[PDB]
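Kindly produce the complete structure, drawing on both the sequences and the hints.
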Amino acid sequence: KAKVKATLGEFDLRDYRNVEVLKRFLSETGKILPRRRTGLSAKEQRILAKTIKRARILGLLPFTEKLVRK
Amino acid sequence: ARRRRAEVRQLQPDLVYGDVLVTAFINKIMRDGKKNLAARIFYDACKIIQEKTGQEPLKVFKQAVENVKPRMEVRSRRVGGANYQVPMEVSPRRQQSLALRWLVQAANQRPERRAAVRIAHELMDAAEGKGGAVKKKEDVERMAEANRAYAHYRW
Amino acid sequence: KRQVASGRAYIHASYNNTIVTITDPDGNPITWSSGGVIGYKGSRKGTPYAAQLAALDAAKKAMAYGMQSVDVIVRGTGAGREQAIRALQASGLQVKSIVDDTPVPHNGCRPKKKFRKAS
RNA sequence: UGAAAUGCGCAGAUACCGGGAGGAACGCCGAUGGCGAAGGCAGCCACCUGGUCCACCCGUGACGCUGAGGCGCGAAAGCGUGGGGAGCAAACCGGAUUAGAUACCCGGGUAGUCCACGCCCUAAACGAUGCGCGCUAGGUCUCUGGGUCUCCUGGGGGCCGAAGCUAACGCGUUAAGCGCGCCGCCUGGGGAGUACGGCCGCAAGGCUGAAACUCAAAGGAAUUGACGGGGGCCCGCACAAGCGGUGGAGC
RNA sequence: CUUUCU
Ligand SMILES: NC[C@@H]1O[C@H](O[C@H]2[C@@H](O)[C@H](O[C@@H]3[C@@H](O)[C@H](N)C[C@H](N)[C@H]3O[C@H]3O[C@H](CO)[C@@H](O)[C@H](O)[C@H]3N)O[C@@H]2CO)[C@H](N)[C@@H](O)[C@@H]1O
Ligand SMILES: [Mg+2]
Ligand SMILES: [Mg+2]
Ligand SMILES: [Mg+2]
Ligand SMILES: [Mg+2]
Ligand SMILES: [Mg+2]
Ligand SMILES: [Mg+2]
Ligand SMILES: [Mg+2]
Ligand SMILES: [Mg+2]
Ligand SMILES: [Mg+2]
Ligand SMILES: [Mg+2]
Ligand SMILES: [Mg+2]
Ligand SMILES: [Mg+2]
Ligand SMILES: [Mg+2]
Ligand SMILES: [Mg+2]
Ligand SMILES: [Mg+2]
Ligand SMILES: [Mg+2]
Ligand SMILES: [Mg+2]
Ligand SMILES: [Mg+2]
Ligand SMILES: [Mg+2]
Ligand SMILES: [Mg+2]
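Protein chains in written order, with the authors' numbering: chain R, 19 to 88; chain G, 2 to 156; chain K, 11 to 129.
Do not rely on the hints blindly, as some may be mistaken.
As the list claims (entries may be wrong) - From the structure, some residues in chain R lie toward chain K, with a derived Cβ separation under 8 angstroms:
#, residue
1, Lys68
2, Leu85
3, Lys88
Said to hold, decoys possible - Here are the in silico distance ranges between beta carbons for each label pair:
#, chain 1, residue 1, chain 2, residue 2, range
4, K, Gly102, G, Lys48, 28 to 36 angstroms
5, K, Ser53, G, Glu139, 37 to 45 angstroms
6, K, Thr87, G, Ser98, 26 to 34 angstroms
7, R, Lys19, K, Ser53, 53 to 61 angstroms
8, K, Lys106, R, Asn36, 53 to 61 angstroms
9, K, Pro113, R, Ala20, 28 to 36 angstroms
10, K, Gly102, R, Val86, 35 to 43 angstroms
11, G, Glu139, K, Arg54, 19 to 27 angstroms
12, R, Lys19, K, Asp34, 49 to 57 angstroms
13, K, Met73, G, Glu8, 53 to 61 angstroms
Note that these hints are calculated values from the structure, not bench results.
Quick reminder that beta carbons are idealized off the backbone N, C-alpha and C, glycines included.
Okay, structure coming up:
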């Protein structure tokens, strides 16, 4: 569909507290989205996943969700 | 029928009531190419419908057939190990053929000594819903549906 | 027995059986069915038709507790699954939501030989 | 499970919710990606630590390459001592299947798989390709630096391909091309990685490694077929759908 | 399905 990167302005993707931003990079099942979807550079996507994994331990982001209407 | 889908052999309308479905029946009655004797029989039988009811023969026969048509049948089926009886819907053609096939086999199972009679009574009984044809049929519709677990092939 | 008007339908589709269990909205089970509880035994419990019948049976037993609607929750992939769902929907019983909640390791325990194959 | 049975379940199993214990492994990200000399390395955090790339062109001044032996590292399995043990699981105990089934399938299940310390030192330890250096068209995709950031310039990973090489398959600036240096190795097949001896090892075993006898081959790549319980496309009264038969009786 | 041998 349309890339998640393209729907945002600047943002520090080292920022493991900005759950508002971070959360659009997760799927409806709280799974880290692949680059095909996130629209990221390899290097960026590496840094992302790292800080997504931080948010998660902080309690700020989900490790999982359940799929609604299936 | 590897290549094409086979032309449904299209049938001479009836000499008497002007209906295609009747020749079809007369044909299933017919042995060894003797369409004459076959046709006597079916007509003789239609006369026995008259004398034994105020009904017009044609619409007895029509409505008998309609009562012998199966809705579902069980065609056998390989599953890389076992052959299962698989329930599935029945082509309008096949409805019609199986009907007339069973009408005549049912007819010829009967006790009455003369063919025109057996044809006649079986027809009567069938429009009513209680010929030997209809048992050889609710038997089918039963067996399909009593195998309804395997309706998830259909092939 | 108690009157609960809505609660959960928990479907457990597996390649060997669908088991449908119905609960109050806190998760305590009211009734339950399975391919075995219906007539079936052995390989036939797996069928989608088995699924329908269990879904329908367990939904009937649940309407005996005056159940009106359910949150559906599915787990496992299995022949009977969308069939078990389709049953509930068309059972009188009203289906508010449907939710896949199939449990999955964040790779953890070694599978049995049969389920390693992806090795 | 093909179908089952063994098995578990009214001491209440399965499915469902809540709480707790433990063991082991980290899903998405994840790649045709990255790192390491190899083996090999994957949740997150901190500490300790090895390598390596780019820019400046500041320093030393041939200080270099290779490397018998030595020394160290070295997947899994295996061993010792002591922990630990959730799941999986050689052996083993059962159920199926089968002509039989010491297997393939199902149910149990010990060693082991896990940790620490000490052994073992092997491999399809593979790129089946020793290390270093220079030289010889390009194109394309990718990871990671720098620039005047359309494009240029390093380092790394792929694909196609100049010249060229190759038995062919293929290689082709990441050479299997053209050259130099230094090391390791080969010398028909079987006997045989056997015997003997030595060294090492707790053991299991490992390294080194023959001969007699015996064969006229053993091999590699590619060609045409043929075949497949490989693939794709398609036919035929081939099967299906039908109607009549044979197999029964007399002749 | 099933197929040990030839
Ligand atoms: N994950 C921990 C790390 O693992 C390494 O080793 C340690 C651990 O991994 C290892 O296992 C620990 C153990 O500590 C402890 N006594 C028992 C505990 N269950 C284990 O836990 C750990 O390892 C197991 C392996 O799956 C898992 O629990 C889990 O992956 C991890 N939490 O034991 C080692 C020390 O006891 C490194 N030594 C260190 O970086 C750190 O402990
Ligand atoms: Mg079953
Ligand atoms: Mg629990
Ligand atoms: Mg490797
Ligand atoms: Mg200088
Ligand atoms: Mg000077
Ligand atoms: Mg080792
Ligand atoms: Mg080991
Ligand atoms: Mg040990
Ligand atoms: Mg056995
Ligand atoms: Mg087993
Ligand atoms: Mg087990
Ligand atoms: Mg290569
Ligand atoms: Mg390059
Ligand atoms: Mg090439
Ligand atoms: Mg020799
Ligand atoms: Mg060859
Ligand atoms: Mg050939
Ligand atoms: Mg036929
Ligand atoms: Mg004969
Ligand atoms: Mg033999």
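We went through each hint and held it up to the structure:
1. Here the hint on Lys68 (chain R) is broken, as its CB sits about 17 angstroms from the closest CB of chain K, past 8 angstroms.
2. Hint status for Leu85 (chain R) relative to chain K: holds, with the closest Cβ pair at about 4 angstroms, below 8 angstroms.
3. A least Cβ separation of about 4 angstroms between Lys88 (chain R) and chain K falls short of the 8 angstroms threshold, and the interface hint therefore holds.
4. For the hinted restraint 28 to 36 angstroms between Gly102 (chain K) and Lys48 (chain G), the CB-CB distance of approximately 55 angstroms leaves it violated.
5. At about 29 angstroms, the beta-carbon gap between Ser53 (chain K) and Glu139 (chain G) misses the expected band of 37 to 45 angstroms.
6. Checked against the hint of 26 to 34 angstroms, the pair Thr87 (chain K) and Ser98 (chain G) fails, with Cβ atoms roughly 42 angstroms apart.
7. Between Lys19 (chain R) and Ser53 (chain K), the C-beta spacing of about 42 angstroms breaks the proposed range 53 to 61 angstroms.
8. Checked against the given bound of 53 to 61 angstroms, the beta carbons of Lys106 (chain K) and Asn36 (chain R), roughly 34 angstroms apart, lie outside it.
9. Evaluation of the 28 to 36 angstroms hint for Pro113 (chain K) and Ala20 (chain R) yields a pass: the beta carbon distance comes to about 32 angstroms.
10. A hinted range of 35 to 43 angstroms for the beta carbons of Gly102 (chain K) and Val86 (chain R) is inconsistent with their spacing of about 24 angstroms.
11. Here the CB-CB span from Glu139 (chain G) to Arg54 (chain K) is close to 24 angstroms, well matched to the stated 19 to 27 angstroms.
12. Checked against the hint of 49 to 57 angstroms, the pair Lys19 (chain R) and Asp34 (chain K) fails, with Cβ atoms roughly 39 angstroms apart.
13. Our hint of 53 to 61 angstroms for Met73 (chain K) and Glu8 (chain G) holds, since their Cβ atoms are close to 54 angstroms apart.
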